[PDB]
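A single chain comes next, written as structure tokens; it is the form deposited in one PDB entry.
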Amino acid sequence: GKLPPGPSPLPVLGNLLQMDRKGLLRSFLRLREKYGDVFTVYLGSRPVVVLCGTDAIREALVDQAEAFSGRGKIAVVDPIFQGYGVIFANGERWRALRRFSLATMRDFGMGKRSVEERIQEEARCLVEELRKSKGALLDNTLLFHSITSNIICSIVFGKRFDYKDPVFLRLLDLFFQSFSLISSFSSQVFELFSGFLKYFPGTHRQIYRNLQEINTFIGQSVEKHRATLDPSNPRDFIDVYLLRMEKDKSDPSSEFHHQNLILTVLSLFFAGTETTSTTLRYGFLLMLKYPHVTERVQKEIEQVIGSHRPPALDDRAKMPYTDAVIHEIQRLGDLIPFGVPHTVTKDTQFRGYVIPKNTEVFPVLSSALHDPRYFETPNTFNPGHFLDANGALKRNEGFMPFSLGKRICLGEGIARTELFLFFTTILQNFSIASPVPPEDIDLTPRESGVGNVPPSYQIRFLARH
């Protein structure tokens, strides 16, 4: 009849500066061990419910799907205004964002050319590019960001970029390069007081460069498309925009808004490719640790796909072992350990407790991905987790990398497709190696960030013959 049990928000002088997973995990584990699978922790004076393990998470996201279908909130984590929710002042801006997001999402699933085909084309170009390395040790970060990003570029501009095209490299840099922001508590307060909120990284110097060349490219590309536009046959998304602009008679202010909102949406699409990239990077790090598994996968590729044709999405149905391996990669990859926050849409009764309407809830996906109740070896790579006695693919309750229920990842489809095609196409044409012996491969993620990302590592792709 009350909120789940948990620690008190007090004392206030109890260091409101929690900043690190190595210590947040320690705290998380302690709380779960003491209060159970469902507890409440406070962010400032804000109650946040935490769900642990496969059972609790599915009972909420699935069994009471509607109740737990509310969107999470963006809360201040700093000691000042700690816990306060932050929102856009104009509710319409938000609704417009959701609208364009969905519309654009629908448009990308259209066209004569399928996404699978573009991913195959990209996989082909990746193979060729890797060959040029003649097996030298390299950091696959740039190329893995490149292959997922190029799919969006292909869809938008009509064709992919060459990996070394300056515009493309500046684009990858704009979205994924880390930059340093220098400021004091006082200077940040002063900015807000002056009416400015600069949240994203990049000083004039840093970003003005990339951005300037990028805009020029977009400008002229929109120009070329317009000069050769065929209303009967839209080639790509730029055409779709030009056509869906016919009779868009609106003042400069409103025109600006429509245009910039599209760019903002495309930006989110680009950022989203990072989850797939990271999963691929984690996957290959894992393959380095298990050379024999990698070989089995290559063997299955040989049996089903052969070596005279590129892998196709429908080949996955006949490749249970590789499928199982990819599942393990996502499971152990554990990209979003804490899950994405939700809110209950009404006072909700859950396992004897009452979660007030609008309360934030975190389904800790990591605690499910490593659930000893459903995975025989929760902390060890094991394809058996998804295979029956006859080696056929089988599902596992603990597997929920894309989350579950009504808010399940809208991109799970394209992500799975890219994972499969990139993973199999690469291993079909290459074997991999590292100075670091298998038994010494460390799967520990970077200490920074909210998600799990493999730290930089060296790997070599040996062309097969």
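Positions refer to the first chain, counted from 1. Throughout, rigid core stands for the largest set of C-alpha atoms superposing within 1.5 Å between the two forms. First, how it differs from the form deposited in another entry.
Only one candidate in 142, 317, 181, 340 has its Cα displaced by 2 Å or more between the two forms after core superposition: 181. A displacement of 2 angstroms or greater separates the C-alpha positions of residue 239 between the two forms, with the rigid core held in common. Core-superposed comparison between the two forms: CA of residue 82 displaced by 2 Å or more. The Cα shift for residue 205 between the two forms, taken after rigid core superposition, is 2 angstroms or larger.
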The other form holds:
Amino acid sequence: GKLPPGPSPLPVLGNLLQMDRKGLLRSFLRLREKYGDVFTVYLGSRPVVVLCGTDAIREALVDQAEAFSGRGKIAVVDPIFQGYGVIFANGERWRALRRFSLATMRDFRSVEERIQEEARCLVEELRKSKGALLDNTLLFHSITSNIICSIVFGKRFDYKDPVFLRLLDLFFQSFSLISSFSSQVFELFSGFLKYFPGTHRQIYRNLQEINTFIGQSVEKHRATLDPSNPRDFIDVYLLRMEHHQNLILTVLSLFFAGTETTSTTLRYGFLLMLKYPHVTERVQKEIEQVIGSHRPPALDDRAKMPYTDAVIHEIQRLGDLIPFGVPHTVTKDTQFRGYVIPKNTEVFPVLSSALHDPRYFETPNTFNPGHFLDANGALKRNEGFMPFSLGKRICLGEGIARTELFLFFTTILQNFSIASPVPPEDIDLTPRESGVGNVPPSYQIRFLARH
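Swap state to the form deposited in another entry from the form deposited in one PDB entry:
The following holds one chain only.
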């Protein structure tokens, strides 16, 4: 039982100076070459244990799922200040949400239908653009947001509805925090980071208006409600409950954060498909063969479209939008691969390192739907595929998201083809911002009706 090996940390800086000018991801890869799949790295004076590769990450998040399932200190209540009670009530709330979330996919109106409706409204908008050159960011935030809106408030919004615009602004609107390296070293010496959520005034711009809107919908909802026949999330909340309107803000927030990842995946997907017209075609042909140019694509179609499915896996794999996964905390002294990780140690499951694992993918860095296709061109599981993560806290939205990706993706290409000022050979898929995320470069595209 030794602790995981790693580079020796400096006082105050930890291993900060052992990062490449080439990025955090490369640095992690370099460390991994040196020390192996489980190594320890120091941020400030704090140890974090870093998991790399499909096998290590799956042994941790799946085989010792419970041990590797803790949250960060920011999310741990102090019973000396708040009592137990909020602790247990949060537990129950979480489980209620974890449960209801599953229910939407099983039911039952249905999520597939709401997404189909939304895809229709989308195709219509794309015609209105009459093949002009656009940035799809806003459009893709809109179509994925509405799926949440329909599920929570019961009904989708209109793309130009000023509440829906205000809520797109609250949740998706960037703001930035300015730092310098001298300040960062002083933060490390302090023990405290300068930035924390809500330090930017912008956040509050739209908050109260959104809050108020929620109040109204809870009321309009309460007026008409009948268990055990709950319509949307709002009136499920009312039953469970039977101040707190803020529980809804919180849940909506969580769902929008996943939705942002969903929207960015589509936006990245369409960048890839500009770069690879031949793939756009085989997808157009598989839609022809399976759906025709008549009906809208449906979820049952996916099973009969292994090439479109492989293509979407591959879009999520290279898009790698959450490259360090979400850090967790170990809940107890844990034996792992011949080392010991002490209770409460912070862990990074580096998902990027699975999604690019050379033991699981033939060309880890090259678009290759063949990663998900067998000899007979059927869909095959690949164990390195884990963009929603794994185990006890696997993405709550996996199903909603995978479903949005399929319907929006085929429905768009069934009705349109794409083009841009940039020649395939010259599309650059490398992330503009590569810190803790992999945000796709912004680009222009034109949606031309196949009709």
